[PDB]
Amino acid sequence: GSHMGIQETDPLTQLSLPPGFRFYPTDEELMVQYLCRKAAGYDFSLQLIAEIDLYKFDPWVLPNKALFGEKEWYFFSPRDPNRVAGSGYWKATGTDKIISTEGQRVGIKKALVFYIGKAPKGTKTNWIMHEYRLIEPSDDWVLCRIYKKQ
Amino acid sequence: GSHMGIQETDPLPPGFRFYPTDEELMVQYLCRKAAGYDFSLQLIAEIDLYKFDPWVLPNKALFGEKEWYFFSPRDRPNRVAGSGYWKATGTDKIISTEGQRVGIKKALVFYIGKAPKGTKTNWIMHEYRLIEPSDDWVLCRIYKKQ
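Protein chains in written order, with the deposited numbering: chain B, -3 to -1, 1 to 77, 86 to 143, 152 to 163; chain A, -3 to -1, 1 to 8, 14 to 78, 86 to 143, 152 to 163.
Isolated chain B, as found in the complex:
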């Protein structure tokens, strides 16, 4: 019959961002305003970062699965060494950092790098992940920044 298109919801234009505004959150904002608030059901935290299983994908596919982003993308992924994803694996690298708010430790930031192939014979790529997790015992997510170096 007559055509009925699908109307997709741009989650930024609902917020009416003036031009020039970009999402450059501090580590403390990602923990307190996004990760902690997601558990609390806060609107902007639910609607601005996509729930996704990161380990089902090759990282170069991920930019298209993010609700927004130009050189960095953010996701919530289910909280769980060389863990497999797509045609490769993510390897922990560098030094884990503790994130604090108002003198309380709230989160840990972990860096990882994507290798293509099968551990431990894979080759390093420029895809980086920053996995932010809450300090809390055993719904349950980590917050991840994905980007490509260089």
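Simulated from the structure, these hints should not be mistaken for laboratory data. From the three backbone atoms N, C-alpha and C, an ideal C-beta is built for every residue, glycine too. Treat the hints loosely; a few may be bogus.
[What the hints assert, rightly or not] Pulled a few chain B residues facing chain A out of the computed Cβ check, cut under 8 Å:
#1 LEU12
#2 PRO15
#3 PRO16
#4 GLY17
#5 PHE18
#6 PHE20
#7 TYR21
#8 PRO22
#9 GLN30
#10 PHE41
Place chain A on chain B using the hints.
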């Protein structure tokens, strides 16, 4: 007499900050204002920048943690402001959009005292202006180096 007050202003998720490109500042801010367009909110306030010491300017700006933006009247060398003067520095850049030149960006630095015997400070201004032939504003970024 019952009390009659005055309402100064009338009413962002976390992590959102103002990081405009040179092209956005020219097209989306300066050009729109020159064209007499309305804005959803006042973000970049009108001010006479040359009435002030740069270190009080963060207080007059509606937003910004380390950079502040203003619209200031377009002037029709070492121009005086407060206890000092702004000196042009570096290389003026041309801003283009879709292959058209639309603006010039000019860097300046604040010196305290009386020209030409002042002392350099870390206060920087970037003055963006519309290109034109030989409602009149410049748009200025203010920040402190280091």
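Evaluated hints:
Interface restraint check for B/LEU12: the shortest CB-CB distance to chain A comes to about 6 Å, inside 8 Å, so the restraint holds. Because the smallest distance between the Cβ of B/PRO15 and any Cβ of chain A comes to about 6 Å, under 8 Å, the interface hint for this residue holds. At a threshold of 8 Å, the smallest CB-CB gap from B/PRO16 to chain A is about 4 Å, leaving the interface hint in force. The beta carbon of B/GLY17 comes within 3 Å of a beta carbon in chain A, closer than 8 Å, and the hint placing it at the interface holds.
Given hint, B/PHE18 at the interface with chain A, holds; its Cβ is 5 Å from that chain's nearest Cβ, closer than 8 Å. Annotation: interface hint on B/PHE20 holds; nearest CB of chain A at approximately 5 Å, less than 8 Å. Interface restraint check: B/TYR21 against chain A, minimum CB-CB distance 5 Å, threshold 8 Å, status holds. For B/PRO22, the interface hint holds, since its Cβ comes within 8 Å of a Cβ in chain A; the closest pair sits about 3 Å apart.
Annotation: interface hint on B/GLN30 holds; nearest CB of chain A at approximately 4 Å, less than 8 Å. With its C-beta approaching chain A no nearer than about 4 Å, B/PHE41 sits inside the 8 Å limit, and its interface hint holds.
The structure is consistent with each of the numbered hints, conforming to all of them.
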